[PDB]
Every structure is written in structure tokens, then in C-alpha cells.
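**Student:** With the hints as your guide, set chains B, C, D and E onto chain A.
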Amino acid sequence: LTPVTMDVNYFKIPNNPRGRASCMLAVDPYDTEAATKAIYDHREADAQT
Amino acid sequence: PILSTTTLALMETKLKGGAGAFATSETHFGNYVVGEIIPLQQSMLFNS
Amino acid sequence: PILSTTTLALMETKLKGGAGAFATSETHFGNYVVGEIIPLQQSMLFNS
Amino acid sequence: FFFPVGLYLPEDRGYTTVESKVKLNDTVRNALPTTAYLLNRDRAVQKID
Amino acid sequence: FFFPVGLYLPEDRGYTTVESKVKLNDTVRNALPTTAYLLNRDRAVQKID
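Residue numbers (PDB author numbering), protein chains in the order written: chain A, 1176 to 1224; chain B, 1323 to 1370; chain C, 1323 to 1370; chain D, 393 to 441; chain E, 393 to 441.
Pulled out of the complex, with its shape left as it was, chain A reads as follows:
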């Protein structure tokens, strides 16, 4: 379920369907806190958007 006002341009290129990037090759290896901050912390900007 998604909000009615979700950006349509999101669907025109490959993306994570959850609405926020979580590709782990971008995060430093074995850095659990950085990885969880990237995945869940919504006070930090999403990568690639």
C-alpha cells in the first residue's frame, strides 16, 4: 500500500520497491550501525533519491 501522491518517476527506473535504498555494497563492510542507519533512519537522506 502506497500513498496516492507517490512520485511516478520512481517507477520509471529500477528501484527498491520499499521506497528507500538498501543496497549494502554502498555501506562500509561489517559496519552494522551505519548499515541500519542507512536502511531505517528517516532523519538521514535516502541514497540515490
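Calculated directly from the structure, the hints in this document are not laboratory data. A portion of the hints provided could be inaccurate.
Unchecked claim - Straight line, CA to CA, 25 Å or less: simulated DSS-like cross-link-like pairs of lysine-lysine: (1) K1338/C with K1336/B; (2) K1187/A with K439/D; (3) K1338/C with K439/E; (4) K415/D with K413/E; (5) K415/D with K1336/B; (6) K439/E with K415/E; (7) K1338/C with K413/D; (8) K415/E with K1187/A; (9) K415/D with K1187/A; (10) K1187/A with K1338/B; (11) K439/D with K413/D; (12) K415/E with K415/D; (13) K415/D with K1338/C; (14) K1338/B with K439/D; (15) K1338/B with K413/E; (16) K413/E with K439/E; (17) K413/D with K1187/A; (18) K1187/A with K1338/C; (19) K415/E with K1338/C; (20) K439/D with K415/D; (21) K1187/A with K439/E; (22) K1338/B with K1338/C; (23) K1336/B with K439/D; (24) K413/D with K413/E.
**Tutor:** The following block gives chains B, C, D and E in isolation, referenced to the frame of chain A:
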């Protein structure tokens, strides 16, 4: 992304078009097409 | 100068265009596109 | 694969790029999309609502 | 690189050369440009307000 559209008219426009039509997304006022990222459906499955 | 537009319709038109579309600057009434001076983004990064 | 259905595009900045290619008769059911059309593993047309 | 955002084009000598290619809703929010759209390092769209 996979080829999808909100109106049947844009689907008909895609089906009439030439090669490479499936890859281009475009929008009417409140209707849109989303183009497939790789030419799977148009060629790669059926050309054999 | 870099490819920039004030409305999403002109960006869609640029993406639907063929080769050389990014280089041309054109204006609607209040809206305009500024063209790329070097065919960098369109071809030279991705043609590899 | 991921695809949207039921989105609302902003009317305050609405635009068309295919006016010369297609025309819809005036109807809010055409104006407000609520179904999505797709292709089978064959190139037949299928619908979801 | 340098790019503008928010310019007001002279309205007394307004013109269009793409009238056969695009059509916009008659909102003043369309008439006054307040945003700029750019391409990312991938050929993906991005916006600044």
C-alpha cells in the same frame, strides 16, 4: 520496471508502434505509460 | 551550461527524443530548456 | 518486477506529450485512473483493478 | 557548470516553438517557473526548489 499503462489507448499506441516503442514512457494529463527497462517482452522472448 | 528545464514536460520530450536532442535549447511561453554544450551526459558517459 | 496502480498525478502541473497521438473523451473515469493494463507471457493484454 | 532557476521571461514578447509537442494545464503555477529539473549521474531526473 515492467510495461504498464493506466489507459487502454496508450497500450494500443504502444502495440501499433515500431521497434523500441516499449522502452519509452510518456504521460497524458492524468494517464501515463511506464516503459520496460530491457527489451524483454518486445523482442527477446519472441524473436528466438 | 548543463541540461536543465523548468517543467517536466520538456524533460520528458528530451528523454523521448533521438540522438542530439539534449543539445537543443527551446522555450515554451514561460518555460524553457537550456541545452548541453558538450554531448557529455547523452552519449559520452554511457557509450562505453 | 514492480509497477504502480491507482496513482494521482498533480493537476497543478499537469501536462501532455501525446496530444497529437491520442484523445480521450471527457470523463472523470478517464481523468482518474484506477486500473492498470499489462501483457501476459504472451503479448496479450491483461487488466488489474 | 552553471544553471538558472526561477527566471521570469519577458511576457510582453512571449513565444513558443514547441506548441505542437507539449501542452500544459492553465495554472499560474505552470506559468511561473519555480523549480529546476536536472539529470543525475545516471540519466535520471532530479529536482531543486
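**Student:** Now tell me if each hint is right for this structure.
**Tutor:** Each hint, compared with the structure:
1. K1338/C with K1336/B: Satisfied, since the Cα-Cα distance of roughly 14 Å is no more than 25 Å.
2. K1187/A with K439/D: holds, 20 Å
3. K1338/C with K439/E: holds, 19 Å
4. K415/D with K413/E: holds, 14 Å
5. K415/D with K1336/B: It holds: about 14 Å lies between the C-alpha atoms, which stays within 25 Å.
6. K439/E with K415/E: holds, 21 Å
7. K1338/C with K413/D: Distance ~14 Å between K1338/C and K413/D Cα, so the pair holds.
8. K415/E with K1187/A: With a Cα-Cα distance of about 21 Å, the restraint between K415/E and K1187/A holds, given a limit of 25 Å.
9. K415/D with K1187/A: Within the cut-off at roughly 23 Å; holds.
10. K1187/A with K1338/B: holds, 21 Å
11. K439/D with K413/D: This hinted pair holds, its Cα atoms lying about 22 Å apart.
12. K415/E with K415/D: holds, 13 Å
13. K415/D with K1338/C: Since the Cα atoms of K415/D and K1338/C sit roughly 19 Å apart, the hinted pair holds (cutoff 25 Å).
14. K1338/B with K439/D: holds, 19 Å
15. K1338/B with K413/E: Within the cut-off at roughly 20 Å; holds.
16. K413/E with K439/E: Since the Cα atoms of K413/E and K439/E sit roughly 22 Å apart, the hinted pair holds (cutoff 25 Å).
17. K413/D with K1187/A: holds, 21 Å
18. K1187/A with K1338/C: holds, 13 Å
19. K415/E with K1338/C: Satisfied, since the Cα-Cα distance of roughly 16 Å is no more than 25 Å.
20. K439/D with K415/D: Given pair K439/D, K415/D holds - Cα atoms ~21 Å apart, limit 25 Å.
21. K1187/A with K439/E: Within the cut-off at roughly 16 Å; holds.
22. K1338/B with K1338/C: holds, 17 Å
23. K1336/B with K439/D: holds, 16 Å
24. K413/D with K413/E: holds, 10 Å
Every hint, counting from the list given before, is met by this structure.
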